[PDB]
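Chain residues, written in single-letter form:
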Amino acid sequence: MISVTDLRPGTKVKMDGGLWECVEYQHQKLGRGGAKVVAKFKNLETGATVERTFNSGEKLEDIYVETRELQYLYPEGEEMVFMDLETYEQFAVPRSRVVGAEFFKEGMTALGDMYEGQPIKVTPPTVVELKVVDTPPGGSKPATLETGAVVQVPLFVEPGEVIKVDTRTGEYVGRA
Amino acid sequence: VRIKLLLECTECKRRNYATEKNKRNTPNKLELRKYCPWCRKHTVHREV
Amino acid sequence: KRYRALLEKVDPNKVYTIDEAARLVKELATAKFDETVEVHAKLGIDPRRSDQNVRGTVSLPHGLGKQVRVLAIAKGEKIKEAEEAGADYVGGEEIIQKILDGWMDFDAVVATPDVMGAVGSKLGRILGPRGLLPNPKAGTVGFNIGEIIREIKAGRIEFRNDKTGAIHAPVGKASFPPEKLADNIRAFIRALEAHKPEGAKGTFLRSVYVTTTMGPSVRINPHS
Amino acid sequence: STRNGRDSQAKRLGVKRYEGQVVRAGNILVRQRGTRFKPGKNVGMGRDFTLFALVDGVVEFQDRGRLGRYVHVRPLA
Amino acid sequence: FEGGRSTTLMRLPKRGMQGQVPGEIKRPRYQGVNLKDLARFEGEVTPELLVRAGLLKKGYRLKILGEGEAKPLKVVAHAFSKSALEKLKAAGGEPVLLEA
RNA sequence: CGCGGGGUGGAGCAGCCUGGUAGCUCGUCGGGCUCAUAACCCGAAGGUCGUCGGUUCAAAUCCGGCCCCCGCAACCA
RNA sequence: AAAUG
RNA sequence: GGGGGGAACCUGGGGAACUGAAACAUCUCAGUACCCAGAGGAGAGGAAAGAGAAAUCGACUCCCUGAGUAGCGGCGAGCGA
RNA sequence: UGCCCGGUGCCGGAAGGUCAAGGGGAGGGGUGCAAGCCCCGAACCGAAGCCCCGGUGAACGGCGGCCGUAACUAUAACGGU
RNA sequence: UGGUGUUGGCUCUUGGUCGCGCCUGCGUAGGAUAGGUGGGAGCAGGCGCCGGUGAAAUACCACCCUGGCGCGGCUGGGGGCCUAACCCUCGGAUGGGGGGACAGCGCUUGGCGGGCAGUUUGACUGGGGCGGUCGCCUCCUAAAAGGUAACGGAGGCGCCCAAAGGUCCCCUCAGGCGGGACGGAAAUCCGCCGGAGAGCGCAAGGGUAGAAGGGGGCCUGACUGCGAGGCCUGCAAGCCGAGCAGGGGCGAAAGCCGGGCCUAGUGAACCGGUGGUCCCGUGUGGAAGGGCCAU
Ligand SMILES: [Mg+2]
Ligand SMILES: [Mg+2]
Ligand SMILES: [Mg+2]
Ligand SMILES: [Mg+2]
Ligand SMILES: [Mg+2]
Ligand SMILES: [Mg+2]
Ligand SMILES: [Mg+2]
Ligand SMILES: [Mg+2]
Ligand SMILES: [Mg+2]
Ligand SMILES: [Mg+2]
Ligand SMILES: [Mg+2]
Ligand SMILES: [Mg+2]
Ligand SMILES: [Mg+2]
Ligand SMILES: [Mg+2]
Ligand SMILES: [Mg+2]
Ligand SMILES: [Mg+2]
Ligand SMILES: [Mg+2]
Ligand SMILES: [Mg+2]
Ligand SMILES: [Mg+2]
Ligand SMILES: [Mg+2]
Ligand SMILES: [Mg+2]
Ligand SMILES: [Mg+2]
Ligand SMILES: [Mg+2]
Ligand SMILES: [Mg+2]
Ligand SMILES: [Mg+2]
Ligand SMILES: [Mg+2]
Ligand SMILES: [Mg+2]
Ligand SMILES: [Mg+2]
Ligand SMILES: [Mg+2]
Ligand SMILES: [Mg+2]
Ligand SMILES: [Mg+2]
Ligand SMILES: [Mg+2]
Ligand SMILES: [Mg+2]
Ligand SMILES: [Mg+2]
Ligand SMILES: [Mg+2]
Ligand SMILES: [Mg+2]
Ligand SMILES: [Mg+2]
Ligand SMILES: [Mg+2]
Ligand SMILES: [Mg+2]
Ligand SMILES: [Mg+2]
Ligand SMILES: [Mg+2]
Ligand SMILES: [Mg+2]
Ligand SMILES: [Mg+2]
Ligand SMILES: [Mg+2]
Ligand SMILES: [Mg+2]
Ligand SMILES: [Mg+2]
Ligand SMILES: [Mg+2]
Ligand SMILES: [Mg+2]
Ligand SMILES: [Mg+2]
Ligand SMILES: [Mg+2]
Ligand SMILES: [Mg+2]
Ligand SMILES: [Mg+2]
Ligand SMILES: [Mg+2]
Ligand SMILES: [Mg+2]
Ligand SMILES: [Mg+2]
Ligand SMILES: [Mg+2]
Ligand SMILES: [Mg+2]
Ligand SMILES: [Mg+2]
Ligand SMILES: [Mg+2]
Ligand SMILES: [Mg+2]
Ligand SMILES: [Mg+2]
Ligand SMILES: [Mg+2]
Ligand SMILES: [Mg+2]
Ligand SMILES: [Mg+2]
Ligand SMILES: [Mg+2]
Ligand SMILES: [Mg+2]
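Protein sequence lines correspond, in order, to chains AV, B6, BC, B0 and BP. Reading the first sequence from the start, the letters are residues 1 to 138, 147 to 184 in PDB author numbering. The opening position of the second sequence corresponds to residue 5 in PDB author numbering, with each subsequent residue numbered one higher. The opening position of the third sequence corresponds to residue 6 in PDB author numbering, with each subsequent residue numbered one higher. The opening position of the fourth sequence corresponds to residue 8 in PDB author numbering, with each subsequent residue numbered one higher. The opening position of the fifth sequence corresponds to residue 51 in PDB author numbering, with each subsequent residue numbered one higher.
Any given hint might turn out to be false.
[Claimed, not checked] DMTMM-like mimics (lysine to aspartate or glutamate), calculated; alpha carbons at most 20 Å apart, straight line:
hint: 1; chain 1: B6; residue 1: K17; chain 2: BC; residue 2: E198
hint: 2; chain 1: BP; residue 1: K121; chain 2: BP; residue 2: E149
hint: 3; chain 1: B6; residue 1: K33; chain 2: BC; residue 2: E198
hint: 4; chain 1: BC; residue 1: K127; chain 2: AV; residue 2: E106
Because the hints were derived from the structure by calculation, they are not lab data.
Taking the hints into account, I'd like the entire structure generated from these sequences.
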């Protein structure tokens, strides 16, 4: 239970039962009243934000949502499994909490928000390598990547050709 | 600590304890040693 | 048929007391080979609750032997400790090539953290859904590889809940000395009981039995 | 608005029985951190380097050049 | 009280066991009385000749015991200490059991 | 005078708690498409990580002093 | 579908 | 027959807070103050579906003890058979 | 009388998620010589409320930052992030 | 807002729950419809193994699921129609209308609830507020015993080691100048020179190579009953501790060991929880609940 006067962007805390992270913090003490802490937050899983204000007293409740680096191993059910390339533990993350679970790859290294040994956000890198196993040798054509997902690519990019794809736009960002 | 953790020792089927501190992760995954019980004298001793 | 005169050896209504199903579990199994005594138990949890899955091993007082081929994939003289431990197969990122391409003649697979990286990176999907991959919880990763390898021979077996919410695990051989298996059972229960997911509402072990590799499964009181 | 203002509760160290003083077995003769003084005749020292009498007697402070300093206890003869 | 500190209510109640609710278990209590003082009177001391004397009194159940020398005289009591039982074995009374 | 955050390729932002990894978009130069220019396609170069110290086996990262930076306050008289 | 000199 | 009055005392129906806890809320103050109904020279209570450990006592009330005990208690303040 | 429904409010959602008495009794325990008597007690069924999906601005309210760029300069209609 | 009371007729219809038993689970590919998962080399015919298949393999047994019907008991959800409680009404009625077992109201449940109530909203402080600070360790200030202030100067901690602990035996550093294949400027090697500048997990200090440092073999005294005698001290705590007993570890033995080179790594009581113990156990026995030891 940390108060507010002691916040800093980056500090993660539990508010309204949810997980946030102060991203804006500004001590406010005008007039002779008591001081006030006016911050802005971001949910750890959803992007939702919310600026709020607190008095000098009011305590918050710090959380421990450290971000280790996990690793994909294999699919299973409507879930996919990773591993902390550190302590090699096994995490069965439900497809929802794996941002861009598709456009991923059974063996790629991504990032997760460990909150009590259970990722609530699993992001890959902005762009990853993937072997297109589809597309007609026919310009801006659709191409099924090895991970089953499909992407728009140019011509020259043909079956077997490994390319790059921004995991945020699933757009062809060049070849391997 | 967490990776640390508290723990005691049981005389093997019975009572008494020592209560030391294992250390998770590092040399862990169970652990027993020889130590003297309030009753009778010296035996093994498991965690729990 | 043949199990009929074999199934009468079970009181479908009764509740045994381990021991009760011990003298019995031997009269239950009869085959042209030593049957391994299996154990099953419907634990009260939800698979879908990522947290509550149960992954843990246990070193048994009796039963379990080198009836397993363990592979130690490591770097350094770890190999020396491993090989001296009883590491049927030894060799780091060169043996990954064996397994990666065809090879597959073992059961367990221990490894060292230092070379562990490459393992799951290039072996994930293969032995991954096979449960063979090294996992801390299921203690098959690390550096004290010695005891580790040396132990998968004495009596330490894993047991991870399935998706239906049940867990099974061989507690020993059928021609086992009476009070050994019966004792070897409590060892298995006391460890699985000792692993209750903090938020598991209701009663845990809901249905626990004592079967034989081939046939009859006498349900018992897991507090006997 | 500073970054200091701290310290630790003094510990009161040093010789606590000087040469020629009569003690009883038990009296801690010296409190010190390192081994500024070393055990001597009938003078065991403790975990924290605390020299203490081992027998009823007097205290003597033998200075041994580069060999350090000693505190013995010649029992009452 | 005071300072606003913690009195010295920091020290704990090892006095474990000091109160259930129906109350106190009604059980028989024993009164000392060292033979050292029956020596006062010479006849047949009975727990009453005692109360009335100036020792024991209504406390009920008497347990002659302790220090002092015994005396040639019958001592009716509800109990005796191993030691006085002895000092009286030097010739006297031992009307234990007692009570109807 | 304090209050918090910020100085990373040419520009604008990641990376910093969880020390071993420079991530992105535009720009730049090379080459194609055009008569040519854009666009577009192919490929490449570029970061003392503000500086000066310290800690570490090692630091963009941890630690301190400075330098600029942005925003907040300065009330009762 | 597709800007300009 | 009833109705209204009566200084206190009485029973019953309701029922506070300041206080104390060196804040405060449980607790306390206290079923007190007070309000209302009734009773009468008194009122209540009163002949065991009681007590409680004694082969026990024997309606009820009232004084003294038991007793600041047994207990109760943010086991605090303090309340208290 | 512009734009923003992510946050709060109100409105609308016969499914889901958590849901209290109560129902239910696997099974357990204390006693009894026994009938019994008495206690715990899991699966599962249990509203509204909250979560969750949508709506909503004359509902509480909110309405960006740093660079570059034009025939001298300036400035920036323009572009970058 | 659920459950019940007041609360009643008559029907219509659907589930859900477990107990058991029988089914059931259909993309490539595999002489084929692969629910998982643990067993598994066996269970005139066959089956699997083995080979091929795929993410997974195949029998036979398990457990248990998805969804399905079957009886056994157990619980619910609504749809209507009614009239006589209850409600509203009607040129004034033991009656007629309307609503209707709903609502209203009684006990109980969960929730919303500044409409209202009681209160709380820390101290230090070159005025207060804002800032900063609040316990513990190290150094200075601190004036050569101890102690000693300031919103004086400067740093640390809330841990950590199953070896970084016992014991027994061994070994001696950092640097510097040569000298040497890959080799920085210190990777490893050799020669001198080098008393400590190295190291001792972490701050600083004292300490220390006649080890507190490094290495190895056995071990766990990171003992239980105790604790003379002291340090420090307002209380409470904190710290040292020889020796005895039990029972051990190491050593030939002398001996050494009741954690860690030492000073931080912390939290009174209360209230509860877990073992243990048999101490009390409201007439008796026994339970309920306590107590003591341990955590
Ligand atoms: Mg100060
Ligand atoms: Mg000071
Ligand atoms: Mg001081
Ligand atoms: Mg000091
Ligand atoms: Mg206080
Ligand atoms: Mg170009
Ligand atoms: Mg009254
Ligand atoms: Mg009254
Ligand atoms: Mg009050
Ligand atoms: Mg008060
Ligand atoms: Mg009268
Ligand atoms: Mg009278
Ligand atoms: Mg009367
Ligand atoms: Mg009272
Ligand atoms: Mg717009
Ligand atoms: Mg809005
Ligand atoms: Mg809204
Ligand atoms: Mg629902
Ligand atoms: Mg439902
Ligand atoms: Mg119930
Ligand atoms: Mg219930
Ligand atoms: Mg019985
Ligand atoms: Mg609801
Ligand atoms: Mg408007
Ligand atoms: Mg807003
Ligand atoms: Mg210009
Ligand atoms: Mg110009
Ligand atoms: Mg110009
Ligand atoms: Mg613009
Ligand atoms: Mg009708
Ligand atoms: Mg009518
Ligand atoms: Mg009607
Ligand atoms: Mg009607
Ligand atoms: Mg109703
Ligand atoms: Mg309510
Ligand atoms: Mg409120
Ligand atoms: Mg108010
Ligand atoms: Mg008021
Ligand atoms: Mg008040
Ligand atoms: Mg003040
Ligand atoms: Mg001021
Ligand atoms: Mg302040
Ligand atoms: Mg402050
Ligand atoms: Mg203090
Ligand atoms: Mg000094
Ligand atoms: Mg001094
Ligand atoms: Mg050298
Ligand atoms: Mg050289
Ligand atoms: Mg080199
Ligand atoms: Mg060299
Ligand atoms: Mg050197
Ligand atoms: Mg050693
Ligand atoms: Mg002592
Ligand atoms: Mg003493
Ligand atoms: Mg004291
Ligand atoms: Mg230490
Ligand atoms: Mg040591
Ligand atoms: Mg208290
Ligand atoms: Mg307690
Ligand atoms: Mg208990
Ligand atoms: Mg008893
Ligand atoms: Mg009684
Ligand atoms: Mg009773
Ligand atoms: Mg009794
Ligand atoms: Mg009995
Ligand atoms: Mg007990």
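For each hint, the structure was consulted:
1. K17 (chain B6) with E198 (chain BC): Cα-Cα ~18 Å, so holds.
2. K121 (chain BP) with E149 (chain BP): It is violated: about 24 Å lies between the C-alpha atoms, which goes past 20 Å.
3. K33 (chain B6) with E198 (chain BC): 17 Å, holds
4. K127 (chain BC) with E106 (chain AV): 9 Å, holds
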